[PDB]
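> Letter by letter, the chains look like this.
Protein chains: 2
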Amino acid sequence: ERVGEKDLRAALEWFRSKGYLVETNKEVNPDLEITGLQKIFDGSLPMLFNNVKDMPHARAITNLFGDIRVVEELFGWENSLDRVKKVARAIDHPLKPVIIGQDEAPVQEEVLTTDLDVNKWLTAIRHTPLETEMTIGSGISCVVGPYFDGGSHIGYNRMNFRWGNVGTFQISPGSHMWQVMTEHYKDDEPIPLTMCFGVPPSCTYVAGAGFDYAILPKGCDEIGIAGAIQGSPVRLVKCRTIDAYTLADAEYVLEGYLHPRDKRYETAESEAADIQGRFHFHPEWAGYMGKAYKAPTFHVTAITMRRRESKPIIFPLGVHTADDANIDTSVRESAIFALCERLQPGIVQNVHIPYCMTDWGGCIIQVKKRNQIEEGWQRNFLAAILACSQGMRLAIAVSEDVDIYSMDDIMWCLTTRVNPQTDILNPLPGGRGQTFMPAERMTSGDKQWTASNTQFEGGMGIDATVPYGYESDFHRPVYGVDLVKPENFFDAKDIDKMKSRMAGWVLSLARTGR
Amino acid sequence: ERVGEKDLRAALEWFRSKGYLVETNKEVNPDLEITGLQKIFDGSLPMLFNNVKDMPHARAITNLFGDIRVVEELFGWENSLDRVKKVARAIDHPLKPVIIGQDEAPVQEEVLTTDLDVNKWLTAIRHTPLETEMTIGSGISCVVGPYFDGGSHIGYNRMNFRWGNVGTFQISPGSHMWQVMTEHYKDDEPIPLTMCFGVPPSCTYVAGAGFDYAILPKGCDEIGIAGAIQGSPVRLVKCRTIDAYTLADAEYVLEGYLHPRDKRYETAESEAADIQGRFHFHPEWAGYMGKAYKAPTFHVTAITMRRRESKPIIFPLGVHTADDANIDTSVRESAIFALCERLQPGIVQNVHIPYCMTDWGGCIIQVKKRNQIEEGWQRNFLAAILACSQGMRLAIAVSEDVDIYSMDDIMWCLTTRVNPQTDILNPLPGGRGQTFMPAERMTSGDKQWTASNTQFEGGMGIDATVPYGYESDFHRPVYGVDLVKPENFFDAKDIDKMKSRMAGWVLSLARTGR
Ligand SMILES: CC(C)(COP(=O)(O)OP(=O)(O)OC[C@H]1O[C@@H](n2cnc3c(N)ncnc32)[C@H](O)[C@H]1OP(=O)(O)O)[C@@H](O)C(=O)NCCC(=O)NCCSC(=O)c1ccccc1C#N
Ligand SMILES: CC(C)(COP(=O)(O)OP(=O)(O)OC[C@H]1O[C@@H](n2cnc3c(N)ncnc32)[C@H](O)[C@H]1OP(=O)(O)O)[C@@H](O)C(=O)NCCC(=O)NCCSC(=O)c1ccccc1C#N
Ligand SMILES: [Ca+2]
Ligand SMILES: [Ca+2]
Ligand SMILES: [Fe+3]
Ligand SMILES: [Fe+3]
Ligand SMILES: [Fe+3]
Ligand SMILES: [Fe+3]
Ligand SMILES: [K+]
Ligand SMILES: [K+]
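Chains as they are written, first to last, in the numbering used here: chain D, 1 to 514; chain C, 1 to 514.
Just so you know, the hints here were simulated from the structure itself, not pulled from any lab data.
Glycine is no exception: its CB is placed at the ideal position from the N, C-alpha and C atoms.
Do not rely on the hints blindly, as some may be mistaken.
What the hints assert, rightly or not - Stretch-level coverage of chain C by chain D, calculated; a stretch enters the list once three of its residues show a Cβ under 8 Å from a Cβ in chain D: (1) 213-219; (2) 483-490.
Claimed, not checked - Pairs of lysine to any residue residues, derived as SDA-like cross-links and limited to a Cα-Cα distance of at most 25 Å, are as follows: (3) C/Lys186 - D/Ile347; (4) C/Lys86 - D/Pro217; (5) C/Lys447 - D/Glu471; (6) D/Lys368 - C/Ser452; (7) C/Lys294 - D/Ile495; (8) D/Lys186 - C/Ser472; (9) D/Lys369 - C/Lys218; (10) D/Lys96 - C/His93; (11) D/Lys369 - C/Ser444; (12) C/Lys85 - D/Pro217; (13) C/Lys499 - C/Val484.
Please build the complete structure, drawing on both the sequences and the hints.
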C-alpha cells in the first residue's frame, strides 16, 4: 500500500524530468522562510525543501501552481483558453471516484489513533513577522457521501491547532462547508470530515474553486471533477476512526469531527481582547494583512500518513502569491465560462481572472457580438456573474480585439470604451459580500467587523465592449509588423538588444502590431 | 401500434373518471368559438369538442391545464409548493427516453408522404375578430440528438401554413430553438425537426418551460424531465422521411426541415406593407394584442397521425388564458426555485409566477432569513433571477409571513415593506429584453419594432422583505379566529350566508386570522 496513482510524488517526478523542479537540502525554517522564499520567486517553478526545521519526517514543496504554464503542461493543456474550455467540459462530465481497500491506500500506512499532536506532525508556518501564531493552511477539507447530498466536496480551510488535537476551522460564509454546517447546525452529532495534505494536483486544482454554486451547487461531485481533470478516477478509502472517506493517495490525513456550535478564537490575542476583525492572523486573498475571528473547532481523532521514512510531502503556500491565485481562479474562470455559455452559447470567447483581481474579487470576460440581436448580452452576463459569485466586486466585459491577459490593455479599454453614465453597472447594492474585503468590512461602522455587520456596496460591472455596428469606428487598426523583417535591416546582435529592452504592454502590442 | 402509454387519451379517461371532463357533440367553429369558449371559462375544467367544423377527423380539447388543481391531481402533487419542489427534483433527475419500433408507435399508424396540406389535417384557429389569418399553435417542436448536443428539446412554436406544406416558424430570440438556429445559421443542410400534436400532458408541461437556461441549458434533456415528471420514460420513434425522432404517443406529427435563412412574413397584410411589429397576429403572452414578423420557414415532408377513424385529438388554446399561463409558469417556477437553491440553499421557501405576471414577465420569491449572516441574499436572488431569465421585468421578494398566491397580499407588502430609495433594484439596464413587451418594443423609436432595435430598461427587482432583527416591528399580529367557534353563536344558515358574501383578500385573511 505504498503507491499513489496520479499522486503528488508522480507530479514531482514529472517536474524533475522536465527540469521544472528546484531542490535544496538546506534546512528551511517554517517561520518566515518558506513564505519569504516563495514571495521572492512569486509565480516561478516549484521548490522542494528536503529538510524542514523541527520536522525531520516532512518534506515541503512550494510554488507548485506558481507558474500557470507548467501547470497547463502537467495537465496537458495548450494554453489558458484551452484549459478553461477543457475544465468546463470536465465540470459537465465528472468521473465517479473509485473506492479501494483500507490495506492498499498509501495514506494509511501509519495510523495514529492516540498521541494526537497535530502540530508535531503537520508543518505549521508563519507568513509575515507581524503574526503571532503558526497556522496550518496546507490541508483541504473532504466531505463525501450523506453530508454533501451524495456528492463530494474538497476545499481549503485554515486551521490553528492551539489545543493539541483541537483547532479552529475557518469557514467562508456561503461556501459549501458553510452550507453543510448550516444544514447541520443544530444536530446532536458532530460533522465527520477529514483534512487531506499533499493531495494529487488535480484535487488541489479543484479545491481551489469556490463561490461558483450556480455551476457547482451543493451535492455536486468535486472529486469527480478532479478525476475528470486528471483523466482518471480519484481513489477514495474508508477512514479508520470515523464514518467517512478520504483521498487514498494523499500524504497526511486528519480524521475528526467538526463542532459547529463549539466556536473559539483563532489567536490568543483576539481571544484575550475578545473582538473579531482585528488582531492580524495572516495575509488573506484580497491582498491585505489578515484578521482573526471566532470559528468552529475540528476535533481530531486520528492522524494517518504514509511511511514516515518516506518523508511525506506537505504543500504550504502563502496566501498572496501567484500559487494561491492560480489555484482558486482557474476553476473560477472555468465556472464563469460555463455559466455564460449556459445563458447564451457562443457569445463569450474567453474568461480570465488575473492575479491582480483578488481571487474572489473580480473577473474579465471577452464577448463577441455576432449580430444586432446579441447586443446587450454582455450586461446580462455581468449581472449574472456579479449575482452568482458572492462578493465579487469588479466584473469587466471587453470585446474580441482585446488582449484579456494584459492589464494595460484592459486599462486602455476602460479609458476609451466606457461611458461612465451608462456602462457602469451596480446590480445588487445591499447583497451578500465578502467580509475579508476591507472596503466592505469598514461598512460595519461601530459594530463588530464580521459578516453579520458588513454592508455590500453592490459590485461594479463595467461594460467596456464596443457597441455592435460601430466596429469600424472602434477599430485598433494594425501596424505593418508582418510586412517587414528586421533581419533585412539589422544584425542579430542589435535585434536582441532592442528586444531585451522591451517589456510590458509593448510585448502585446508588437505581437499583434496593434 | 395503437396504444399511447401515458398519453393524452389516458389523461382524458382519468379526467372522465374524476368527473373533471366536460364533453359536447355540438359542432364548434375553430374561428373565434374555441378561444371564445375557453375565455368564457378561463381557468376551468377541460372541455372536449367531439365535432370540429370542417375537420371531420379531429377532436379538440381545451382548458386542459386551465385549473392548476386538476393538473396537480393528475400528476400526483399535493399543492403548488409540492409541485414546485417535485419538479425541481425531476429537473435534477431526468429519465432517459426509450426508443420503440416504427411499427408499434401509435402516432405512425397513418403516414402521409404526399398530399401534404397541413391546414387540411391540423386544426388552425382564429383567436380574436381583429385577426386575418388562421394559425396553428397546438404543436410543440421536438429536437433530439445531434442538433441539441445529444440532449432533447420540446417547446411550442406558432406556425402559419400559407404555402400549403410550407409555413412560418416563430422562434423566440434567445430560446433553445434560437440557439440551435444560430449554431446552424450558415449550414448548407436545413435543420431536421418535427412538430408533435396532442402529446402526453407531461410533454406539454415541460414544453411550457422557457428562458431558464441556467438550469435547463442547451444540451439538457427536456423529454427526460417530462418522463421524470410523469414517473416513466417517454417513448420516442424514428421518423419516416427525416433523420430525427418524435414522440411516439402523440396524435399528429409533422416531419420536415427548418430553413433558417428562408424567412417570410407571417401575415399577408404585413407581407404587403413589408413592416414588422405591426399588423396584429393574435394575442401574445404579455396580455396584449399581437403583431406579425418575418420568421424562418418549416418545410413539411410527411404528416403522420393516428388512425383517422379514431379521431386524433388536438389541443388548441388561446394565448392569454390560465391554460397557457400554467403551461409556461409551472416549470418556470420550478427552475427559479432550483436556481435560488443552488445559489444558497434553505433561504427560498416558495416561488410563484401568478397569472397576472405575463409568463416571462415577472415572478415572486418567498425568502426566510434564518440569521443575520443571511440578510441580503434576497437581493442576490433578485439580481440572479432578472439576469438569468431574459426579459423578466418585475421580480418581487417577500417574507415568510406573506401569502404568495394572493396579489392583494403582495400589494400590501409593496405598500408597507418597500423603501423606494433602496429596495428597488434596476440591475441590467440595456440588456436583453423581450420584443413582445410593448413597453420595451416602443423603445425602438422610429426604427423597425423588432428585437434588433428594442432597448431593455433593466428590469425591476423589488425587495419587499422584512429586515432581519425587525420581525417584531413588522409583525402581522393575529386575530383570534381559532379561539371562537361560529356554531356557538349562529346557525348554519347564517354562517353560510356570511361565508357566501366573502371573496378575495378576506378569504386569505380570515384563514390565517391575519
Ligand atoms: C460571520 C461569522 C462566521 C459569524 O460569527 P459572529 O459574527 O461573531 O456571530 P455569532 O456566530 O456569534 O452568532 C450567530 C447567530 O446566528 C446563528 N448562526 C450562526 N451561524 C449559523 C449557521 N451556520 N447556521 C445556522 N445558524 C447560524 C446562531 O444561532 C447564532 O450564533 P449562536 O448564538 O448560536 O452562537 C463571524 O464569526 C466570522 O467569522 N466572519 C469572518 C468569516 C469569513 O469571512 N471567512 C472567510 C474565509 S475565506 C479565506 O480565508 C481565504 C480564502 C481564499 C484564499 C485565502 C484565504 C485566506 N486567508
Ligand atoms: C429579431 C428578429 C427575429 C430578427 O429579424 P430582423 O429584425 O428583421 O433582422 P434580420 O433578420 O432581417 O437581419 C439579421 C442579420 O443578423 C444575422 N442573423 C440574424 N439571425 C441570426 C442567427 N439566428 N444566427 C446568426 N446570425 C443571424 C443575419 O446574418 C442577418 O440577417 P440576413 O441578412 O442574413 O437575412 C425579428 O425578425 C423578429 O422576428 N422579432 C420578433 C421575434 C420575437 O420576439 N419572438 C418571440 C416569440 S414568443 C411567443 O410567441 C409566445 C410565447 C409564450 C406564450 C405565447 C406566445 C405567443 N403568441
Ligand atoms: Ca487566473
Ligand atoms: Ca403560475
Ligand atoms: Fe466544495
Ligand atoms: Fe461600452
Ligand atoms: Fe428547449
Ligand atoms: Fe424591504
Ligand atoms: K472547491
Ligand atoms: K421548453
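> So which of the earlier hints does this model not fit?
Violated hints: 2, 7; rest satisfied.
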